[PDB]
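Chemist: With the hints as your guide, set chains O and K onto chain G.
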Amino acid sequence: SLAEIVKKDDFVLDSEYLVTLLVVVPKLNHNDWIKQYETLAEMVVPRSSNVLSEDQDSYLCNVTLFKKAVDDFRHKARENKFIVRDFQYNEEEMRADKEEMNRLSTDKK
Amino acid sequence: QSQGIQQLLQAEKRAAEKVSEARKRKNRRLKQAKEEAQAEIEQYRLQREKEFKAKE
Amino acid sequence: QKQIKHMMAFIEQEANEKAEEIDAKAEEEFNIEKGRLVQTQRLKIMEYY
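Residue numbers (the authors' numbering), protein chains in the order written: chain G, 165 to 273; chain O, 4 to 59; chain K, 9 to 57.
Just so you know, not all the hints are guaranteed correct.
Stated by the list, open to error - Quick look at which bits of chain O chain K covers, simulated, 3 or more residues with Cβ under 8 Å: (1) 4 to 15; (2) 22 to 29; (3) 42 to 51.
Stated by the list, open to error - Below 16 Å or equal to it, Euclidean Cα-Cα: the simulated EDC-like pairs (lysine to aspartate or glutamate) are: (4) G:191 <-> G:219; (5) K:52 <-> O:52; (6) K:26 <-> G:180; (7) G:231 <-> G:256; (8) K:42 <-> O:39.
As the list claims (entries may be wrong) - A short list of chain G residues far from chain K (calculated; beta carbon distances all over 10 Å): (9) 168; (10) 177; (11) 190; (12) 196; (13) 200; (14) 236; (15) 238; (16) 250; (17) 254.
The set of hints was computed from the structure by calculation and includes no laboratory data. For each residue, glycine too, the CB sits at the ideal point set by N, CA and C.
One chain only, chain G, in its complex shape:
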């Protein structure tokens, strides 16, 4: 659940032409992904990565690109073994998930 990690400010939002994706990458593959960032698909925004979380096997990081390129990016990412996490920010759902586990606990009680 990424609501424990991400903020509204971490994404480009409401653009006609840009999307921010979340990529999960093996920790040993960090330098390979940093080298691929500028090159993996067309119309990516240069030098604008940001690691939002890190873990024993892997880390989770921003990329931002022109909305056409998403399929080439996620496909060539999978060919490079980088994994595009399907996610879209909506703070109302982040708040709802923070409310729901407390509601479920309350109703059980």
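Modeler: What follows is chains O and K alone, placed relative to chain G:
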């Protein structure tokens, strides 16, 4: 953020404004087309008026 | 680096083309609009006289 995003947002704003200006041109020119039609129908009216006065 | 300038020029060129298509569609609608109006009113003027 790296500032490039801000410039592309300014570009998408400039882009949206150019298409919005074309919609504003359409909205103005629609009234001009009505005002042009309203001139011609008065000529047809005046022509039939003069012809009717000649018949009377 | 160059790619941001290319991307800005690309999306503004999409707006150049979209603006021109709206301007073209506007002209084509005005060429239909005056035809509908003038011929209807001419026929009503004749039906009156």
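Chemist: Hints first: check each against the structure and report whether it holds.
Modeler: Hint-by-hint comparison with the structure:
With a threshold of 8 Å between beta carbons, the proposed coverage of the segment 4 to 15 of chain O by chain K holds, since 6 of its residues qualify and at least three are required. Residues of the segment 22 to 29 of chain O lying with their CB closer than 8 Å to a CB of chain K number 6, which satisfies the three-residue condition for coverage. Counting residues of the segment 42 to 51 of chain O whose beta carbon lies closer than 8 Å to any beta carbon of chain K gives 5, which reaches the threshold of three, so the coverage claim holds. Taking the CA atoms of residue 191 of chain G and residue 219 of chain G, the gap is near 8 Å; set against the 16 Å cutoff, the hint holds.
The straight-line distance between the Cα atoms of residue 52 of chain K and residue 52 of chain O is roughly 13 Å, inside the 16 Å bound, and the hint therefore holds. The straight-line distance between the Cα atoms of residue 26 of chain K and residue 180 of chain G is roughly 13 Å, inside the 16 Å bound, and the hint therefore holds. For the proposed pair residue 231 of chain G and residue 256 of chain G, the alpha carbon gap of about 24 Å is over 16 Å, so the pair is violated. Between residue 42 of chain K and residue 39 of chain O the alpha-carbon distance is near 8 Å, which keeps this suggested pair within the 16 Å criterion.
With a least CB separation of 33 Å from chain K, residue 168 of chain G remains clear of the 10 Å interface cut-off, as annotated. Residue 177 of chain G, annotated as away from the interface, keeps every beta carbon of chain K farther than 10 Å; the closest lies near 17 Å. With a cut of 10 Å on Cβ distances, residue 190 of chain G stays outside the contact zone with chain K, its closest approach being about 27 Å. Every CB of chain K lies more than 10 Å from the CB of residue 196 of chain G, the least distance being 20 Å, so the non-interface label holds.
The claim that residue 200 of chain G is not at the interface with chain K holds, since no C-beta of that chain comes within 10 Å of its own (minimum 15 Å). Separation of residue 236 of chain G from chain K is adequate, the least Cβ-Cβ distance of about 15 Å exceeding the 10 Å criterion. Non-interface status of residue 238 of chain G relative to chain K is upheld: no Cβ of that chain comes within 10 Å, the nearest being about 19 Å off. Remark: the non-interface label on residue 250 of chain G is consistent with the geometry, its nearest Cβ contact in chain K lying 24 Å away (cut-off 10 Å).
Residue 254 of chain G, annotated as away from the interface, keeps every beta carbon of chain K farther than 10 Å; the closest lies near 25 Å.
Consistency note: the structure conflicts with earlier hint 7 alone.
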